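Given next are the chains, with one letter for each unit.
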Amino acid sequence: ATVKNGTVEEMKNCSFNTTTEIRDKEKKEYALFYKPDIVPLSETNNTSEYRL
Amino acid sequence: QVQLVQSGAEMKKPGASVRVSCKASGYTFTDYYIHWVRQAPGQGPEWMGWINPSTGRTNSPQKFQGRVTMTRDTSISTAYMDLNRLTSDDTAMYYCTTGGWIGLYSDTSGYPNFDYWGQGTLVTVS
Amino acid sequence: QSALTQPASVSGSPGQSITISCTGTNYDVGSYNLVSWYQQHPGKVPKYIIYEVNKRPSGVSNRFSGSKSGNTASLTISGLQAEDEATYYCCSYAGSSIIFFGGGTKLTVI
Amino acid sequence: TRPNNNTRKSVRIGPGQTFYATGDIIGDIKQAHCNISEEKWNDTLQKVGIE
Ligand SMILES: *[C@@H]1O[C@H](CO)[C@@H](O[C@@H]2O[C@H](CO)[C@@H](O[C@@H]3O[C@H](CO[C@H]4O[C@H](CO[C@H]5O[C@H](CO)[C@@H](O)[C@H](O)[C@@H]5O[C@H]5O[C@H](CO)[C@@H](O)[C@H](O)[C@@H]5O)[C@@H](O)[C@H](O)[C@@H]4O)[C@@H](O)[C@H](O[C@H]4O[C@H](CO)[C@@H](O)[C@H](O)[C@@H]4O[C@H]4O[C@H](CO)[C@@H](O)[C@H](O)[C@@H]4O[C@H]4O[C@H](CO)[C@@H](O)[C@H](O)[C@@H]4O)[C@@H]3O)[C@H](O)[C@H]2NC(C)=O)[C@H](O)[C@H]1NC(C)=O
Ligand SMILES: *[C@@H]1O[C@H](CO)[C@@H](O[C@@H]2O[C@H](CO)[C@@H](O[C@@H]3O[C@H](CO)[C@@H](O)[C@H](O[C@H]4O[C@H](CO)[C@@H](O)[C@H](O)[C@@H]4O[C@H]4O[C@H](CO)[C@@H](O)[C@H](O)[C@@H]4O)[C@@H]3O)[C@H](O)[C@H]2NC(C)=O)[C@H](O)[C@H]1NC(C)=O
Ligand SMILES: *[C@@H]1O[C@H](CO)[C@@H](O[C@@H]2O[C@H](CO)[C@@H](O[C@@H]3O[C@H](CO)[C@@H](O)[C@H](O)[C@@H]3O)[C@H](O)[C@H]2NC(C)=O)[C@H](O)[C@H]1NC(C)=O
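Chains as they are written, first to last, in PDB author numbering: chain A, 134 to 139, 150 to 185, 185A to 185B, 186 to 193; chain B, 1 to 126; chain C, 1 to 110; chain D, 297 to 309, 312 to 321, 321C, 322 to 348.
Some hints could be false.
[As the list claims (entries may be wrong)] Derived DSS-like pairs: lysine-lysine, alpha-carbon spacing no greater than 27 Å straight-line:
#  : chain 1 : residue 1 : chain 2 : residue 2
1  : A       : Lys170    : D       : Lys337
2  : A       : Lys170    : A       : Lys155
3  : A       : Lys155    : A       : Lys178
4  : C       : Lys55     : C       : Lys106
5  : A       : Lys155    : D       : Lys337
6  : A       : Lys170    : A       : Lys137
7  : A       : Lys178    : D       : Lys305
8  : B       : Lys13     : B       : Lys63
9  : C       : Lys44     : C       : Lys106
10 : D       : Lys305    : B       : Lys63
11 : C       : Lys106    : C       : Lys47
12 : C       : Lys44     : B       : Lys23
13 : B       : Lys23     : A       : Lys137
14 : B       : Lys12     : B       : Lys63
15 : C       : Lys68     : C       : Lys106
16 : C       : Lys68     : C       : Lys55
17 : B       : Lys12     : C       : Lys44
18 : C       : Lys44     : C       : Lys55
19 : B       : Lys23     : B       : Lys13
20 : C       : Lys47     : B       : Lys23
21 : D       : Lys337    : A       : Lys168
22 : C       : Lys68     : C       : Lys47
23 : A       : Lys171    : D       : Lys305
24 : A       : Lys155    : A       : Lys171
25 : B       : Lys12     : B       : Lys23
Note that these hints are calculated values from the structure, not bench results.
Hey, can you work out the whole structure from these sequences and the hints?
Here you go:
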């Protein structure tokens, strides 16, 4: 994302593979999450993998 | 004194794209919305979108969503509209206008308060 | 009829008023107090006449006034003089960060 | 107030149940805040001070 000001936050756009209602036929899905509710997954250099 | 001036008139053949520019002097460029308004010959003006020159957010109506790209350069106080996949219906004068005051605590983007207008520049697809 | 509807033209005598109406729907004109009026003319830029449904910016002669009720707004030009002969558009907020314009209304002072 | 005009989104989580989420932000993003009148707070806190 891009706001560049710091006076306002944005919400991080995150995407995830979902177990659909017929279980084993996945489809990727996205939702907006407030930043305090999301954490990076690992100490590795990947800045694009996050965990709740 | 607040004033805005745009690029010059031109001829362009169908199907191409056009970069029309708007520059304003007399106020801090980041603190007022820039609204794009188009008037085809003799027709009521139609509104294309708005730009937040402070952060770069933009929005467009249903028919224009996906064929006009809008941005700006903060370093030179000049706003840019990039209409793409031109057609005959784009023959019009393109107007750059000054919108509502920008503040953190309220969304004044939708206010149709066009305080000032540019001189208008011509596109003709034929 | 461009996006909003209005009478296309009216002609009258000086001293009276030609009042131009702007119509109309719940989501555009009925919902919000964000209605403006713009005057245009052959070979001219639009002129900014009314804002926030009842206020006028500096430079507009004080013969104008604005009004609104229900789903329809109107522009009052009480005390007509031959300078007012021009094409008047209404435009307002339309929800979801969209704004709509009107079709125009020419004026005459016989 | 929260001036952001959020819009909801639905996601399926196994059979027959849904997980609601935010899918869009209509309009310009803006800051959430609370407003207190200085004229009241300034009086009130010295009134609290005497106690
Ligand atoms: C919680 O509490 C917070 C408060 O803490 C609250 O937030 C507040 O909300 C208010 C609204 O809800 C909001 O009020 C609006 O403020 C607008 C800003 O104007 C004021 O300041 C300017 C200062 O002037 C600038 O700009 C001039 C010219 O551009 C420039 O020369 C100066 O330098 C100066 O600084 C600029 O340049 C500097 C260069 O160095 C730079 O440093 C600066 O950073 C800056 O860039 C004054 O001139 C004004 O008089 C105000 O004092 C204000 O415009 C606005 O009023 C307008 O809108 C109203 C509706 O909201 C209308 O009813 C009203 O009539 C006003 O209409 C005028 O403006 C509109 C839009 O701007 C325009 O369309 C009109 O034509 C009209 O124009 C007038 O001027 C032109 C010429 O310019 C004339 O031709 C006309 O005839 C008119 O005279 C509101 O008053 C407030 O700012 C905000 N507070 C903060 C801190 O954000 C929050 O809402 C609360 N929360 C809740 C939930 O309630
Ligand atoms: C915050 O976000 C929410 C979520 O988006 C905003 O709420 C939406 O607001 C829009 C308004 O822009 C609204 O859109 C209308 O939905 C109606 C269905 O419920 C439609 O009937 C309506 O269509 C008319 O308007 C169109 C132009 O916008 C026309 O093209 C169309 O033909 C319709 O006009 C005809 O019909 C009317 C009525 O009969 C008639 O009077 C006309 O003359 C013409 O014949 C719009 O599509 C969304 O439905 C809203 N959605 C929700 C979930 O609320 C909200 O506005 C935002 N907040 C702010 C402050 O902007
Ligand atoms: C958050 O991220 C998601 C993706 O994870 C964004 O969704 C994507 O948005 C784009 C732009 O609208 C879509 O592309 C368009 O799709 C249409 C389909 O008809 C196509 O015709 C266009 O050419 C264009 O490619 C894209 O499909 C969509 N992704 C999905 C999976 O639907 C979303 O916009 C992001 N939101 C924010 C606020 O950043």
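Going through the hints against the structure:
1. A:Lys170 to D:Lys337: Roughly 55 Å between the alpha carbons, so the hint for A:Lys170 and D:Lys337 is violated.
2. A:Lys170 to A:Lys155: holds, 20 Å
3. A:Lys155 to A:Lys178: holds, 6 Å
4. C:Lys55 to C:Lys106: holds, 22 Å
5. A:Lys155 to D:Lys337: Violated. A:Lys155 to D:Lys337 sits at ~38 Å, over the 27 Å cutoff.
6. A:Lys170 to A:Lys137: violated, 32 Å
7. A:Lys178 to D:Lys305: holds, 18 Å
8. B:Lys13 to B:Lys63: It holds: about 21 Å lies between the C-alpha atoms, which stays within 27 Å.
9. C:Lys44 to C:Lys106: This hinted pair holds, its Cα atoms lying about 14 Å apart.
10. D:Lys305 to B:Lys63: This hinted pair holds, its Cα atoms lying about 24 Å apart.
11. C:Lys106 to C:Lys47: holds, 14 Å
12. C:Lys44 to B:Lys23: Holds, because 20 Å separates the two Cα atoms, which is no more than 27 Å.
13. B:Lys23 to A:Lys137: Holds, at about 22 Å.
14. B:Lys12 to B:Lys63: The hint holds at about 22 Å.
15. C:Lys68 to C:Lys106: holds, 20 Å
16. C:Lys68 to C:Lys55: holds, 12 Å
17. B:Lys12 to C:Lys44: holds, 24 Å
18. C:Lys44 to C:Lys55: holds, 23 Å
19. B:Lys23 to B:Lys13: At roughly 25 Å apart (the allowed maximum being 27 Å), B:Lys13 and B:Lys23 satisfy the hint.
20. C:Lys47 to B:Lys23: With Cα atoms ~20 Å apart, C:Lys47 and B:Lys23 stay inside 27 Å; holds.
21. D:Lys337 to A:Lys168: violated, 60 Å
22. C:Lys68 to C:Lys47: Holds, at roughly 20 Å.
23. A:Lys171 to D:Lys305: Within the cut-off at roughly 14 Å; holds.
24. A:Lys155 to A:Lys171: Distance ~17 Å between A:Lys155 and A:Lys171 Cα, so the pair holds.
25. B:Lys12 to B:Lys23: holds, 22 Å
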